[PDB]
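What follows is one structure encoded as structure tokens, with my remarks underneath.
Incomplete set of chains, arranged as in the complex.
The chains carry the letters A and B, assigned in the order they are written, with residues numbered from 1 in each.
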Amino acid sequence: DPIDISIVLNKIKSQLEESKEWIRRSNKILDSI
Amino acid sequence: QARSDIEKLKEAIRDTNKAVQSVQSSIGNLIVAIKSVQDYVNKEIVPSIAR
């Protein structure tokens, strides 16, 4: 299904965005040490 | 401070672990997406060519 690829790729994009924010927060905690 | 830093290192690793867990779900979904392109080629491309 053309849209059922589209649903999957957008799941990847949202998870990729969440991952970047976790790394940003990790890095800032390190700055607090 | 030293106990304070050990606590901070722990929470930084916890955040790194959550970033990795997100990457792991992304990769699972990339498997699905590639599988779908390969299945699509096996299901509606090759039979269409035949027809």
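What we mean here is this: contacts are C-beta pairs under 8 Å (C-beta built on N, C-alpha and C of every residue); 3 or more make two chains touch, one makes a residue touch a chain.
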| item | value |
| --- | --- |
| Labelled copy-number formula for the complete complex in this structure file | A x3, B x3 |
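Here is the rule we use: only the chains that are shown with their structure count from here on.
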| item | value |
| --- | --- |
| Centre-to-centre distance between chain B and chain A (centres being mean Cα positions), rounded to whole Å | 10 |
| Parts of chain B lying in touch with chain A, wherever the complex brings them together | 5, 8-9, 11-13, 15-16, 18-20, 22-23, 25-26, 29-30, 32-33, 36-37 |
| Residues on chain A engaged by chain B in the complex (per definition of touch) | 4-5, 8-9, 11-12, 15-16, 18-20, 22-23, 25-27, 29-30, 32-33 |
